[PDB]
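The primary structure of each chain is shown beneath.
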Amino acid sequence: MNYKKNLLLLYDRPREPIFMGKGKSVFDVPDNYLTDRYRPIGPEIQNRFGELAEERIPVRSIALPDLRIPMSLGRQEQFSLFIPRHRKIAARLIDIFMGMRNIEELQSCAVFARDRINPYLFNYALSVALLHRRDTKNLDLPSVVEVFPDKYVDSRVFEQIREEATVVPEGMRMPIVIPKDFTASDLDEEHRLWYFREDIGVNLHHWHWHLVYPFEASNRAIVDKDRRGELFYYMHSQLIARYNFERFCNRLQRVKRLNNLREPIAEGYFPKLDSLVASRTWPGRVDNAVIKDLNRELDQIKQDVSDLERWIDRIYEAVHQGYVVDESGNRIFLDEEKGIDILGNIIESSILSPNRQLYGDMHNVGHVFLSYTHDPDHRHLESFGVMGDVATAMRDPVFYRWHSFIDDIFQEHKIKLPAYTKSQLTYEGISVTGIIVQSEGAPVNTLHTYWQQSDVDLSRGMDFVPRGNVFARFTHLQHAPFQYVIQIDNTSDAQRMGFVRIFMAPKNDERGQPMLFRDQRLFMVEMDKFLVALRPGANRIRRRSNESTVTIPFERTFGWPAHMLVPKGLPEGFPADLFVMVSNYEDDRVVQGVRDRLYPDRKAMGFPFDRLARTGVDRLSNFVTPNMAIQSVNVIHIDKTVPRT
Amino acid sequence: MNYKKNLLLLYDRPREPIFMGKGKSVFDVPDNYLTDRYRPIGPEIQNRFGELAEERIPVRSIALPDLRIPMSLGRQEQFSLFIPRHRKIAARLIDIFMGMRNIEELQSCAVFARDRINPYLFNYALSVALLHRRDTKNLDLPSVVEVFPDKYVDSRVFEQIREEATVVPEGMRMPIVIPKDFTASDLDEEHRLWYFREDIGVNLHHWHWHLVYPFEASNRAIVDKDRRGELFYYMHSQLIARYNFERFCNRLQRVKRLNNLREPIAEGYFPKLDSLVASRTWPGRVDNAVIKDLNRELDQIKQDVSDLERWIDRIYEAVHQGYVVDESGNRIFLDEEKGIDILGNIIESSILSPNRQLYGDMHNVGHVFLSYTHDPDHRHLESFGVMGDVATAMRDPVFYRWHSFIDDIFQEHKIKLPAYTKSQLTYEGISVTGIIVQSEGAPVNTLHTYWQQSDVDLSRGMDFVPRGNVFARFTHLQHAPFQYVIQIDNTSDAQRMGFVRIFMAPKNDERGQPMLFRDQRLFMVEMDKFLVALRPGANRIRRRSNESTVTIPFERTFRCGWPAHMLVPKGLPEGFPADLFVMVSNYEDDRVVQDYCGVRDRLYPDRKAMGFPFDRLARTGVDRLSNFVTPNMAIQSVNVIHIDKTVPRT
Ligand SMILES: [Cu+2]
Ligand SMILES: [Cu+2]
Ligand SMILES: [Cu+2]
Ligand SMILES: [Cu+2]
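Residue numbers (the numbering used here), protein chains in the order written: chain G, 39 to 683; chain A, 196 to 845.
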């Protein structure tokens, strides 16, 4: 019905009151729905904004549960899911929206609440409700860039957009270029990774992943998605693999973990963002900032660094011991199957953790500590830095250090698992004899990258700005389209089903030597995984880059961003090993890419390379079984700006 | 294509050679496909049976893997999946059929093999392949009663069917009545349970359950179905709950477990079956037979009773300890979630058992011991009794004693789990205020049962019998149709999703008082479990007996779940008092996303343990059902009346 489309109007201009009229419509709000500020002049308003609209949406006056808790968070305050208190507020609001029987009462509850609670919080609470309420399925939620551009764009543009929109008539408006590589100069070598850390695409992917797999909400089934623990491990683990790749393409070494929390943090980061909702800017972190004990009475944070250290010490112990202990006192064993999944829930701290009280909230609390170095006891009445919000956390370099550490902890369980036997990763009969890649107008086994401007309408997000279009020009990494061509022999006499698993790693190390397996296995980034039917004899499989199951199409973002599928490489060319494996789909099958049910692969995530090598294996070229293939690829960057065409 | 329909012709007349022509068709078999006996007279045969056939199916000559192992089992021998050796033979044949490229070779391999290997084995191996192969989905396999009636019918009828078919012309043939209550007289009080033990329906359900959820070495993909261990526990556990119900309706006490294996078995059983494939009869077991150490060199069985006892001693230890140990030496914990599932695989010995070598093959080996009391060292060259075949095991009373024991072991784990808290089984907002049942022409809260003859065409199964129809008349328990009517209040302000869980148990004890929970919880039989959407305020839910998720209709079981006609216990002529119970649980917690009862092909659609409200002990203060209840539950006194009359099928 219309109702579904009418809720989407709530996302329009989040700070403009709901009675101001969104798109080609306007809401006919009761007077008891007006805020205390505006209610005493309600007559002057409803009339003043009503016209020039094709529709007037009526809204029925309902009972409405107490909205005290939802309204506890200030309107001009920041909202983060990492802060203990906010979690309880959001989870309560989510509960209200979720608890509205009809799609009409959801519209009524929403319309009332919208102008009383924190915009950032509202957006989250609604987003979560719509996606998991049963009436509002298969919907198109507007990109959070378009509703909250302040979390994605240098604050400098805002006063240009205001100028352009006020001075120049519609149709003659110039697109606003969004600054790139703007957070640090060349004195900071970290500035080179702007195209990854600060890319709109990857920041959206991270935000959205945490939307669909929350770690604590209310009602366990929403949190309890198949293998979400392992997902949390793997997804974040791939972020760093990809980051470490991009590091090598900018003449840097692999990211160093946060060894220990007492030592200073070398790399500072000023994000250059200005929250229009908080009307303040996000604080920066200086070079050689030190983590400090938190005492944020308001936010309900009373945590010492030693608490964090204690959690880590215990988690390590469990991992080495090989088992954990639940609240009850019983032991649960970190086996080959569910071990990783358990560990994930323990480490991030999802309510699925078998003993939150003992093993703590290790990952999340780390995000808060790192974001509050500048004001840990709230004496300066300052908010958290960028690492305190999932939406912005990936912008900071320290993210990769903290997430690097966390990964090492997971590793110190994976290295305990028994090596995959020759048997276990052989497909009797199947043999892959070669894989290549081809781009139009480029040699074989060669990938190209470059810069590319794209346009986004940030009009819905620009509150109290003259209506019209406001196009912004993003510059971001892009790769030329390509396709894999895989030669597979059956030699069985029957149709064989198989999973094609494609990863890519660097060929050598930072010192220029052909990488060993122990090293290289951790640098393999997944590129594709798809099901294929093989006829007896010979099969030529072809797969386009845009068919990738790791990626989501550009149009959707505006899943990992498509333009970020290929590492940057170097102008002189960057050498890389492309790897493919065909596994026996009958074993890997899940009787029942992203998936809203169960995860469609029985094998562990990162399956060929998650575990250590079997004895005698030393490098990739002798790890291989017949049903695998390696290929030298060369990744060439070109510093030029292509259009979108 | 046609090929799918052509394989179904293999099931036709299992002992008639494949070149004799099945249904309205006949196979055009190569001469190298003929048997050594018939090869030298091929010229005379292909021609002789070519006549009267509409279609002629060609068959291409292929290589054909070595069929030595499949052919090791004699043609006139019995076949059981419990016997270690047979498992290896079948698993190998399954492997051959499974490994054939196209459905042109599946048909070719089959056609060749069919007349060289044991019919019972062939049927199994094919059934398994078809049910789990790629091209052959949704294919309706003929009822195993129709292909092998010898496992389901008193041997006496066979010489009547032969007489009738030879003497009387088609169309004028009288339906052959199948004897009921024929295995024992009234001196044996056990004879009363014929309508359950010997019912075609329940024996088919058991056979089929083991088809779709094997434990067999085979391949891990086929055996590893979601929670099959818990399934094995629950399904068999419900068999005994239902059996114990039917016992109470025949003035008998609850089934006594097999305490210890050294003491005699009081209840003998002569099954009165004659295997036309083995051309012999199944042996009986005498009263006060004792289990004896097996030494069946041929079958590859060298097991002592003490071995069994040792496995039991160890399993008990693990259950009390609260954990098991895998081959590697690590400890795996029998937790609230997966504990039961693990234990199931350990006890039956499914290849999924985390340590077969230590905890043994306890359930299966028990079936063999009990079936070989009459000839344990093979000195008398006799085959196993009825307990040695899944197809027939439920006919013997000892089945329920052995399966009763096994259940007690599972229980020993369940009583360690923490009681469900008031919180855990409350649905905040939902309140069930009443449940009733209504049958056409009968007071409220009253169920009726009776006898009913039905007809089945056993024509496909009657080898070397003049072609035509051969209808057999089965007498079996039946219940009058009914429907539940459940009054549920929402009081929330939002549409609430809920699982309706319906069980039924006996009302009072031996002394005539309300049964206590500790006792009654184990006698609750599942009657239905279905999803329901509740509007704010008041909701009147109605559910027909024939919509039950525990059951499958008549049509299926005569051409899979529990037979529909066996859904209701028999009750008494004077009326049998019973507590009907319903619970509405919060489906959001119980949901298993996903796009029934015992057999579901997909993952199991319920996060809660099987049995749910009654699998665990009572929380403190609870004592009987009427104070176990939460608002979202309801109890109702039902009365089950039997009437000794034979209704027609209409
Ligand atoms: Cu994250
Ligand atoms: Cu993080
Ligand atoms: Cu069984
Ligand atoms: Cu059994």
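It cannot be assumed that every hint is accurate.
Claimed, not checked - Each computed DSS-like pair below joins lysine-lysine, with the alpha-carbon atoms no more than 27 Å apart: (1) 376/G / 375/A; (2) 330/G / 340/G; (3) 420/A / 263/G; (4) 376/G / 420/A.
Claimed, not checked - Derived CB-CB ranges, DEER-like: (5) 732/A / 88/G: 34 to 40 Å; (6) 94/G / 750/A: 47 to 53 Å; (7) 725/A / 175/G: 56 to 62 Å; (8) 262/G / 732/A: 26 to 32 Å.
Bear in mind the hints are in silico, worked out from the structure with no lab data behind them. Every residue gets a Cβ at the ideal spot worked out from N, C-alpha and C, and that includes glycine.
Hints versus structure:
1. For the suggested pair residue 376/G and residue 375/A, the alpha carbons sit about 52 Å apart, so the restraint of at most 27 Å is broken.
2. This hinted pair checks out: residue 330/G and residue 340/G have alpha carbons roughly 12 Å apart, not beyond 27 Å.
3. The suggested pairing of residue 420/A with residue 263/G holds, with an alpha-carbon distance near 20 Å, which does not exceed 27 Å.
4. A hinted pair counts as satisfied when its Cα atoms are at most 27 Å apart, and residue 376/G with residue 420/A qualifies at roughly 17 Å.
5. Between residue 732/A and residue 88/G the beta carbon distance is about 37 Å. The supplied range of 34 to 40 Å therefore holds.
6. For the pair residue 94/G and residue 750/A, the beta carbons lie near 58 Å from each other, so the given range of 47 to 53 Å is not met.
7. Separation of residue 725/A from residue 175/G is about 23 Å and departs from the stated range, judged on CB atoms against 56 to 62 Å.
8. One distance hint, 26 to 32 Å for the beta-carbon pair residue 262/G and residue 732/A, holds here, with the actual separation near 31 Å.
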